[PDB]
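Asker: Please model the complete structure; the sequences and the hints are all you need to start from.
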Amino acid sequence: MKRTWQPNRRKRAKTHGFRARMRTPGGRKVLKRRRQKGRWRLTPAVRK
Amino acid sequence: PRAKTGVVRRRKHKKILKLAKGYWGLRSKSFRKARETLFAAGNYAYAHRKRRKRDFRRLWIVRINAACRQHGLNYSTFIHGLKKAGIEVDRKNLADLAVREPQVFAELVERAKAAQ
Amino acid sequence: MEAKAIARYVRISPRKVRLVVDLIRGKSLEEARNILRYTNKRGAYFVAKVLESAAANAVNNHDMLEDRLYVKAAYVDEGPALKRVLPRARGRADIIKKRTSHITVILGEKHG
Amino acid sequence: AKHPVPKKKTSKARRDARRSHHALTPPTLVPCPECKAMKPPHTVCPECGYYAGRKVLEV
Amino acid sequence: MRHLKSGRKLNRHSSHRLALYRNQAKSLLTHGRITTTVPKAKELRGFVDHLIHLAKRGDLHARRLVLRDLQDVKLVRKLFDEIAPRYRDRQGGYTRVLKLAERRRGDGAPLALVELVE
RNA sequence: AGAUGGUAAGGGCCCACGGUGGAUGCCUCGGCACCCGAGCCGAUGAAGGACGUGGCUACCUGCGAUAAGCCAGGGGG
RNA sequence: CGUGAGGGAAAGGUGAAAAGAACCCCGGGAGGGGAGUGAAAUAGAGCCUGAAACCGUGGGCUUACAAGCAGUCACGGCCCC
RNA sequence: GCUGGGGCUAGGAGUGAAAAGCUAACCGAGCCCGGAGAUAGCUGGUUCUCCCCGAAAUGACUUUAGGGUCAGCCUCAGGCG
RNA sequence: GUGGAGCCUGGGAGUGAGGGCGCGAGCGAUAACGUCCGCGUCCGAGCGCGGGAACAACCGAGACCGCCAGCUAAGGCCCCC
RNA sequence: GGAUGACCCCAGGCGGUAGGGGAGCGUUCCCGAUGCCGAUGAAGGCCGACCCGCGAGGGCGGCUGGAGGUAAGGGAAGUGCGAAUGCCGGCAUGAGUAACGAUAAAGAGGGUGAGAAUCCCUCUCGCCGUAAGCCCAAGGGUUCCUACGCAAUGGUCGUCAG
Ligand SMILES: [Mg+2]
Ligand SMILES: [Mg+2]
Ligand SMILES: [Mg+2]
Ligand SMILES: [Mg+2]
Ligand SMILES: [Mg+2]
Ligand SMILES: [Mg+2]
Ligand SMILES: [Mg+2]
Ligand SMILES: [Mg+2]
Ligand SMILES: [Mg+2]
Ligand SMILES: [Mg+2]
Ligand SMILES: [Mg+2]
Ligand SMILES: [Mg+2]
Ligand SMILES: [Mg+2]
Ligand SMILES: [Mg+2]
Ligand SMILES: [Mg+2]
Ligand SMILES: [Mg+2]
Ligand SMILES: [Mg+2]
Ligand SMILES: [Mg+2]
Ligand SMILES: [Mg+2]
Ligand SMILES: [Mg+2]
Ligand SMILES: [Mg+2]
Ligand SMILES: [Mg+2]
Ligand SMILES: [Mg+2]
Ligand SMILES: [Mg+2]
Ligand SMILES: [Mg+2]
Ligand SMILES: [Mg+2]
Ligand SMILES: [Mg+2]
Ligand SMILES: [Mg+2]
Ligand SMILES: [Mg+2]
Ligand SMILES: [Mg+2]
Ligand SMILES: [Mg+2]
Ligand SMILES: [Mg+2]
Ligand SMILES: [Mg+2]
Ligand SMILES: [Mg+2]
Ligand SMILES: [Mg+2]
Ligand SMILES: [Mg+2]
Ligand SMILES: [Mg+2]
Ligand SMILES: [Mg+2]
Ligand SMILES: [Mg+2]
Ligand SMILES: [Mg+2]
Ligand SMILES: [Mg+2]
Ligand SMILES: [Mg+2]
Ligand SMILES: [Mg+2]
Ligand SMILES: [Mg+2]
Ligand SMILES: [Mg+2]
Ligand SMILES: [Mg+2]
Ligand SMILES: [Mg+2]
Ligand SMILES: [Mg+2]
Ligand SMILES: [Mg+2]
Ligand SMILES: [Mg+2]
Ligand SMILES: [Mg+2]
Ligand SMILES: [Mg+2]
Ligand SMILES: [Mg+2]
Ligand SMILES: [Mg+2]
Ligand SMILES: [Mg+2]
Ligand SMILES: [Mg+2]
Ligand SMILES: [Mg+2]
Ligand SMILES: [Mg+2]
Ligand SMILES: [Mg+2]
Ligand SMILES: [Mg+2]
Ligand SMILES: [Mg+2]
Ligand SMILES: [Mg+2]
Ligand SMILES: [Mg+2]
Ligand SMILES: [Mg+2]
Ligand SMILES: [Mg+2]
Ligand SMILES: [Mg+2]
Ligand SMILES: [Mg+2]
Ligand SMILES: [Mg+2]
Ligand SMILES: [Mg+2]
Ligand SMILES: [Mg+2]
Ligand SMILES: [Mg+2]
Ligand SMILES: [Mg+2]
Ligand SMILES: [Mg+2]
Ligand SMILES: [Mg+2]
Ligand SMILES: [Mg+2]
Ligand SMILES: [Mg+2]
Ligand SMILES: [Mg+2]
Ligand SMILES: [Mg+2]
Ligand SMILES: [Mg+2]
Ligand SMILES: [Mg+2]
Ligand SMILES: [Mg+2]
Ligand SMILES: [Mg+2]
Ligand SMILES: [Mg+2]
Ligand SMILES: [Mg+2]
Ligand SMILES: [Mg+2]
Ligand SMILES: [Mg+2]
Ligand SMILES: [Mg+2]
Ligand SMILES: [Mg+2]
Ligand SMILES: [Mg+2]
Ligand SMILES: [Mg+2]
Ligand SMILES: [Mg+2]
Ligand SMILES: [Mg+2]
Ligand SMILES: [Mg+2]
Ligand SMILES: [Mg+2]
Ligand SMILES: [Mg+2]
Ligand SMILES: [Mg+2]
Ligand SMILES: [Mg+2]
Ligand SMILES: [Mg+2]
Ligand SMILES: [Mg+2]
Ligand SMILES: [Mg+2]
Ligand SMILES: [Mg+2]
Ligand SMILES: [Mg+2]
Ligand SMILES: [Mg+2]
Ligand SMILES: [Mg+2]
Ligand SMILES: [Mg+2]
Ligand SMILES: [Mg+2]
Ligand SMILES: [Mg+2]
Ligand SMILES: [Mg+2]
Ligand SMILES: [Mg+2]
Ligand SMILES: [Mg+2]
Ligand SMILES: [Mg+2]
Ligand SMILES: [Mg+2]
Ligand SMILES: [Mg+2]
Ligand SMILES: [Mg+2]
Ligand SMILES: [Mg+2]
Ligand SMILES: [Mg+2]
Ligand SMILES: [Mg+2]
Ligand SMILES: [Mg+2]
Ligand SMILES: [Mg+2]
Ligand SMILES: [Mg+2]
Ligand SMILES: [Mg+2]
Ligand SMILES: [Mg+2]
Ligand SMILES: [Mg+2]
Ligand SMILES: [Mg+2]
Ligand SMILES: [Mg+2]
Ligand SMILES: [Mg+2]
Ligand SMILES: [Mg+2]
Ligand SMILES: [Mg+2]
Ligand SMILES: [Mg+2]
Ligand SMILES: [Mg+2]
Ligand SMILES: [Mg+2]
Ligand SMILES: [Mg+2]
Ligand SMILES: [Mg+2]
Ligand SMILES: [Mg+2]
Ligand SMILES: [Mg+2]
Ligand SMILES: [Mg+2]
Ligand SMILES: [Mg+2]
Ligand SMILES: [Mg+2]
Ligand SMILES: [Mg+2]
Ligand SMILES: [Mg+2]
Ligand SMILES: [Mg+2]
Ligand SMILES: [Mg+2]
Ligand SMILES: [Mg+2]
Ligand SMILES: [Mg+2]
Ligand SMILES: [Mg+2]
Ligand SMILES: [Mg+2]
Ligand SMILES: [Mg+2]
Ligand SMILES: [Mg+2]
Ligand SMILES: [Mg+2]
Ligand SMILES: [Mg+2]
Ligand SMILES: [Mg+2]
Ligand SMILES: [Mg+2]
Ligand SMILES: [Mg+2]
Ligand SMILES: [Mg+2]
Ligand SMILES: [Mg+2]
Ligand SMILES: [Mg+2]
Ligand SMILES: [Mg+2]
Ligand SMILES: [Mg+2]
Ligand SMILES: [Mg+2]
Ligand SMILES: [Mg+2]
Ligand SMILES: [Mg+2]
Ligand SMILES: [Mg+2]
Ligand SMILES: [Mg+2]
Ligand SMILES: [Mg+2]
Ligand SMILES: [Mg+2]
Ligand SMILES: [Mg+2]
Ligand SMILES: [Mg+2]
Ligand SMILES: [Mg+2]
Ligand SMILES: [Mg+2]
Ligand SMILES: [Mg+2]
Ligand SMILES: [Mg+2]
Ligand SMILES: [Mg+2]
Ligand SMILES: [Mg+2]
Ligand SMILES: [Mg+2]
Ligand SMILES: [Mg+2]
Ligand SMILES: [Mg+2]
Ligand SMILES: [Mg+2]
Ligand SMILES: [Mg+2]
Ligand SMILES: [Mg+2]
Ligand SMILES: [Mg+2]
Ligand SMILES: [Mg+2]
Ligand SMILES: [Mg+2]
Ligand SMILES: [Mg+2]
Ligand SMILES: [Mg+2]
Ligand SMILES: [Mg+2]
Ligand SMILES: [Mg+2]
Ligand SMILES: [Mg+2]
Ligand SMILES: [Mg+2]
Ligand SMILES: [Mg+2]
Ligand SMILES: [Mg+2]
Ligand SMILES: [Mg+2]
Ligand SMILES: [Mg+2]
Ligand SMILES: [Mg+2]
Ligand SMILES: [Mg+2]
Ligand SMILES: [Mg+2]
Ligand SMILES: [Mg+2]
Ligand SMILES: [Mg+2]
Ligand SMILES: [Mg+2]
Ligand SMILES: [Mg+2]
Ligand SMILES: [Mg+2]
Ligand SMILES: [Mg+2]
Ligand SMILES: [Mg+2]
Ligand SMILES: [Mg+2]
Ligand SMILES: [Mg+2]
Ligand SMILES: [Mg+2]
Ligand SMILES: [Mg+2]
Ligand SMILES: [Mg+2]
Ligand SMILES: [Mg+2]
Ligand SMILES: [Mg+2]
Ligand SMILES: [Mg+2]
Ligand SMILES: [Mg+2]
Ligand SMILES: [Mg+2]
Ligand SMILES: [Mg+2]
Ligand SMILES: [Mg+2]
Ligand SMILES: [Mg+2]
Ligand SMILES: [Mg+2]
Ligand SMILES: [Mg+2]
Ligand SMILES: [Mg+2]
Ligand SMILES: [Mg+2]
Ligand SMILES: [Mg+2]
Ligand SMILES: [Mg+2]
Ligand SMILES: [Mg+2]
Ligand SMILES: [Mg+2]
Ligand SMILES: [Mg+2]
Ligand SMILES: [Mg+2]
Ligand SMILES: [Mg+2]
Ligand SMILES: [Mg+2]
Ligand SMILES: [Zn+2]
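Chains as they are written, first to last, in the authors' numbering: chain 17, 1 to 48; chain 1U, 2 to 117; chain 1W, 1 to 112; chain 15, 2 to 60; chain 1R, 1 to 118.
Honestly, the hints are just simulated from the structure, not real lab data. Errors might be hidden in some of the hints.
The list that follows gives simulated cross-link-like pairs (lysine-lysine, DSSO-like), each with its CA atoms no further than 27 Å apart [said to hold, decoys possible]:
{"hint": "1", "chain 1": "15", "residue 1": "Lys10", "chain 2": "1W", "residue 2": "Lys97"}
{"hint": "2", "chain 1": "1U", "residue 1": "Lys22", "chain 2": "15", "residue 2": "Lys9"}
{"hint": "3", "chain 1": "15", "residue 1": "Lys56", "chain 2": "1W", "residue 2": "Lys98"}
{"hint": "4", "chain 1": "15", "residue 1": "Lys9", "chain 2": "1W", "residue 2": "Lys16"}
{"hint": "5", "chain 1": "15", "residue 1": "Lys37", "chain 2": "1W", "residue 2": "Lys97"}
Answerer: Here is the structure:
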């Protein structure tokens, strides 16, 4: 049946994207947190 | 300092397993099953160390009885006679006499019969 | 004098090859050869090679005569298992063990 | 059903007892009267190709 | 049970089984000798023998009969003109089956050859 | 009429020797704690990255189309 | 692994020195057997030591009229010292 | 009426032709990280050896009754005799 | 009456679901392997030993270790024994 | 008794759960250590029917191992495992068993190759045909086309292959 992951590039970037994270106090904390952890990707990989 | 298990436990398990040599299946191969077996074994030894003294006395009595009825009396009568005669050779030797030295055993039967 | 061959890491399961090996233990090199040729098993292929190479070893390295060689000892040992995932129903995953054999054939000479 | 299951692990003795019938029977072979090679009976000899006295097959 | 029943099933339904013998017949009659598994081999004999017997008759009818299974006019011409005469005097047994000595690697199937006779 | 042995398809205990596995001991390019030292960076565009960069170059490191490096001072041999 | 925030592993050791096994042999290869190296190669790279469960090969004793938490006590047979 | 694409509304909040349905495969209150090692009068588990002594399952009170406080009963040290 | 008696001061407890049996009652039906008190006992913790076919608490008896020695207890002495 | 813990003699106690008390064993580490044991072989491992200890253990011997270990007497703790549907890993049992993923379907000949039911070619047969064919968009990201391969991936095989 129709499962839950229904990939969409625009949807993806607009929701978890770097600019999306920056617009918001929480998302900037997300970016802060992931950078302090040493994550190689602060943001979900995406292609355009 | 940190004191890890290290060498100690393996050595204790080896101790037990070596004692469990000869045992069936995991009883000789697995520490846990071995240990359980060995407890049983230990109590059996103790208990049987005891019954060995019983197991033999019963045998001697059966043997002495047989040799008595050859001379026309039973064990009970025989022993009473010996008691009356003051003969204190025990049943270990009484039996050995009853088999190896039947003449001497015969004489003891005489003494027993006379003491009644 | 003896000659040995070993095939390490054969991608078959020991319990299976051993069946084939059991057929040829103690046989003359000539009978063993015939046996293996008409044994209907995958294992027969692997065993034959180890046997054939050991025969080679005896002739070529150990001054033993082909017409006297016999399977003195033979045995299969378990090698490291290749673990694979087998997807089952209801989201469960099993683990297949694709197993491994170390096959040994040892030849001696039947004298006289 | 209610999903039956082994109640106890089978012992080394008992699993091997089960396998007391598992040994392979060696292939039954006879000499080919033409080339004396060993082959299963009632099959065309895969070495010289002869059966019933004549050449039948290109080996 | 199976008491006194004649005919292998060869793990095929009715139409596949029929097709199987026909294609075998086309190949036997074509190449003179094919290799199959022993069971198909033994079962192929009579199916082909009958077809050869009809060729031994020669009439238009028997030709149209064989065509129902063999389906190829050229193959049948070969059957009637070259094959059938070889058997003018032979009373049945137009085919033989001899078993090979080695099995298939991939599934262990025992093999046999089936050929037209001299 | 009497009695007593060799059977092992396979199993069991023991001994040897292997396979598998990776405990134990030893080892440490790593960590931990205290102590001391030291302590901001950024529109002269930071932190952190992306993509590039080698004669042959996957990754890491270095570096930035002057790209495992350019100039000068000092050290060193 | 999770859409995401986020979760989050496993994985060290040849040898003093690569001297990391030329060459020959079986094999499609993997693998092995000689030759060679090394104080050592069951230190051969799937590499220090290499326990245990677990699997196998060989040998000794034993088992197909017998009742079991598998032991223990006694005696006897066989094998070894 | 159904369906693609682009959007908006969410955790005591959304959305609901209403079933406490659904809100990323368990929703009478999502998920992650944090408070956090919550609390658990409950269940389980608690690892070498020898030697000496050796209980209780009663009384009183208790939002107490399978938990407690004191007393009874065990043990050790010193004192008395 | 010198006892792992007793008393005094302290340190550490554990126990505060008992149970069978005998005797005396209540409750029950002069029912229950029932319930609830009293005196005692044993099991608990002596599922260690002997007897009772077998069986925590019935009878016998309180197992420091060893003995191929003797006497008894309850219970037994026709065979299993 | 002798001098006070030397050892001897005589006597009595010595079942034990919760629990109290006493005495010891062993593990990591520190002083003892600028020492001593050690390649004439450290630790660790494997045997032992030998010795000491009531016991926990300690020796000694042989084999392994190849570079460490540390006494008498003291000091300090991450100090002893069989159970926690414990944790991590390894390996068993079930078992050569169930299964190998639509019942549209196969057969032969000829190639190739160490090896072929499974790769290529041919012929025969069967299945889809508002599809099981064709073309877009999402999404996936080199999977495309050749050459050379078959350890692993492929539910078998493999010379073939996303
Ligand atoms: Mg739909
Ligand atoms: Mg998913
Ligand atoms: Mg959609
Ligand atoms: Mg899009
Ligand atoms: Mg969108
Ligand atoms: Mg965005
Ligand atoms: Mg701000
Ligand atoms: Mg955000
Ligand atoms: Mg990165
Ligand atoms: Mg993000
Ligand atoms: Mg990005
Ligand atoms: Mg420890
Ligand atoms: Mg520990
Ligand atoms: Mg053992
Ligand atoms: Mg035994
Ligand atoms: Mg057992
Ligand atoms: Mg015991
Ligand atoms: Mg005794
Ligand atoms: Mg005695
Ligand atoms: Mg007695
Ligand atoms: Mg008397
Ligand atoms: Mg007397
Ligand atoms: Mg005599
Ligand atoms: Mg096989
Ligand atoms: Mg076997
Ligand atoms: Mg064959
Ligand atoms: Mg066969
Ligand atoms: Mg040769
Ligand atoms: Mg499935
Ligand atoms: Mg699924
Ligand atoms: Mg499993
Ligand atoms: Mg498995
Ligand atoms: Mg394996
Ligand atoms: Mg059903
Ligand atoms: Mg089982
Ligand atoms: Mg088991
Ligand atoms: Mg079992
Ligand atoms: Mg079984
Ligand atoms: Mg076995
Ligand atoms: Mg069985
Ligand atoms: Mg012939
Ligand atoms: Mg039928
Ligand atoms: Mg018939
Ligand atoms: Mg039939
Ligand atoms: Mg028939
Ligand atoms: Mg038919
Ligand atoms: Mg048939
Ligand atoms: Mg079928
Ligand atoms: Mg069928
Ligand atoms: Mg079938
Ligand atoms: Mg079919
Ligand atoms: Mg039809
Ligand atoms: Mg041809
Ligand atoms: Mg007919
Ligand atoms: Mg028809
Ligand atoms: Mg037709
Ligand atoms: Mg055949
Ligand atoms: Mg055959
Ligand atoms: Mg196959
Ligand atoms: Mg007779
Ligand atoms: Mg025998
Ligand atoms: Mg036997
Ligand atoms: Mg046998
Ligand atoms: Mg070994
Ligand atoms: Mg290893
Ligand atoms: Mg150390
Ligand atoms: Mg450091
Ligand atoms: Mg400014
Ligand atoms: Mg930067
Ligand atoms: Mg780079
Ligand atoms: Mg300079
Ligand atoms: Mg994912
Ligand atoms: Mg995903
Ligand atoms: Mg992801
Ligand atoms: Mg390692
Ligand atoms: Mg080194
Ligand atoms: Mg090194
Ligand atoms: Mg060759
Ligand atoms: Mg070659
Ligand atoms: Mg090839
Ligand atoms: Mg090689
Ligand atoms: Mg080699
Ligand atoms: Mg040398
Ligand atoms: Mg040398
Ligand atoms: Mg030396
Ligand atoms: Mg060497
Ligand atoms: Mg070698
Ligand atoms: Mg070694
Ligand atoms: Mg080594
Ligand atoms: Mg080293
Ligand atoms: Mg090793
Ligand atoms: Mg190894
Ligand atoms: Mg081992
Ligand atoms: Mg054996
Ligand atoms: Mg009978
Ligand atoms: Mg018998
Ligand atoms: Mg029996
Ligand atoms: Mg039975
Ligand atoms: Mg029993
Ligand atoms: Mg017995
Ligand atoms: Mg006796
Ligand atoms: Mg719309
Ligand atoms: Mg829409
Ligand atoms: Mg929409
Ligand atoms: Mg949308
Ligand atoms: Mg909420
Ligand atoms: Mg909230
Ligand atoms: Mg609301
Ligand atoms: Mg609606
Ligand atoms: Mg979710
Ligand atoms: Mg849901
Ligand atoms: Mg709630
Ligand atoms: Mg949800
Ligand atoms: Mg947080
Ligand atoms: Mg708090
Ligand atoms: Mg928390
Ligand atoms: Mg908690
Ligand atoms: Mg609370
Ligand atoms: Mg006491
Ligand atoms: Mg109470
Ligand atoms: Mg009370
Ligand atoms: Mg209550
Ligand atoms: Mg409570
Ligand atoms: Mg209290
Ligand atoms: Mg108190
Ligand atoms: Mg008192
Ligand atoms: Mg006192
Ligand atoms: Mg006193
Ligand atoms: Mg007094
Ligand atoms: Mg007392
Ligand atoms: Mg007292
Ligand atoms: Mg007091
Ligand atoms: Mg007190
Ligand atoms: Mg205390
Ligand atoms: Mg309590
Ligand atoms: Mg209470
Ligand atoms: Mg109660
Ligand atoms: Mg009550
Ligand atoms: Mg009461
Ligand atoms: Mg009560
Ligand atoms: Mg009481
Ligand atoms: Mg009464
Ligand atoms: Mg009375
Ligand atoms: Mg009354
Ligand atoms: Mg009652
Ligand atoms: Mg009553
Ligand atoms: Mg009553
Ligand atoms: Mg009650
Ligand atoms: Mg009372
Ligand atoms: Mg009472
Ligand atoms: Mg209790
Ligand atoms: Mg008691
Ligand atoms: Mg008592
Ligand atoms: Mg009792
Ligand atoms: Mg009982
Ligand atoms: Mg008893
Ligand atoms: Mg009793
Ligand atoms: Mg009794
Ligand atoms: Mg009772
Ligand atoms: Mg006593
Ligand atoms: Mg006493
Ligand atoms: Mg008496
Ligand atoms: Mg009496
Ligand atoms: Mg009487
Ligand atoms: Mg009697
Ligand atoms: Mg009786
Ligand atoms: Mg005494
Ligand atoms: Mg005492
Ligand atoms: Mg005691
Ligand atoms: Mg004390
Ligand atoms: Mg220790
Ligand atoms: Mg040590
Ligand atoms: Mg020295
Ligand atoms: Mg040495
Ligand atoms: Mg040495
Ligand atoms: Mg150490
Ligand atoms: Mg000892
Ligand atoms: Mg020792
Ligand atoms: Mg030693
Ligand atoms: Mg050593
Ligand atoms: Mg050093
Ligand atoms: Mg040491
Ligand atoms: Mg000091
Ligand atoms: Mg010390
Ligand atoms: Mg501590
Ligand atoms: Mg601890
Ligand atoms: Mg425990
Ligand atoms: Mg465990
Ligand atoms: Mg379970
Ligand atoms: Mg747990
Ligand atoms: Mg596990
Ligand atoms: Mg298994
Ligand atoms: Mg079968
Ligand atoms: Mg079954
Ligand atoms: Mg079946
Ligand atoms: Mg099946
Ligand atoms: Mg399928
Ligand atoms: Mg499946
Ligand atoms: Mg299928
Ligand atoms: Mg089918
Ligand atoms: Mg159809
Ligand atoms: Mg089929
Ligand atoms: Mg061909
Ligand atoms: Mg060729
Ligand atoms: Mg093929
Ligand atoms: Mg093939
Ligand atoms: Mg073909
Ligand atoms: Mg295929
Ligand atoms: Mg197929
Ligand atoms: Mg054709
Ligand atoms: Mg249709
Ligand atoms: Mg149409
Ligand atoms: Mg249609
Ligand atoms: Mg297309
Ligand atoms: Mg695209
Ligand atoms: Mg993908
Ligand atoms: Mg790729
Ligand atoms: Mg080209
Ligand atoms: Mg492959
Ligand atoms: Mg392959
Ligand atoms: Mg292959
Ligand atoms: Mg390759
Ligand atoms: Mg495959
Ligand atoms: Mg598959
Ligand atoms: Mg090839
Ligand atoms: Mg190709
Ligand atoms: Mg392609
Ligand atoms: Zn021939």
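Asker: With reference to the structure, classify each hint as holding or not holding.
Answerer: Status of each hint after checking the structure:
| no. | hint | result |
| --- | --- | --- |
| 1 | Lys10 (chain 15) / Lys97 (chain 1W) | 20 Å, holds |
| 2 | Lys22 (chain 1U) / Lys9 (chain 15) | 24 Å, holds |
| 3 | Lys56 (chain 15) / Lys98 (chain 1W) | 45 Å, violated |
| 4 | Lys9 (chain 15) / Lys16 (chain 1W) | 25 Å, holds |
| 5 | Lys37 (chain 15) / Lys97 (chain 1W) | 44 Å, violated |
Checked against the numbered hints given earlier, this structure breaks hints 3 and 5; the rest are met.
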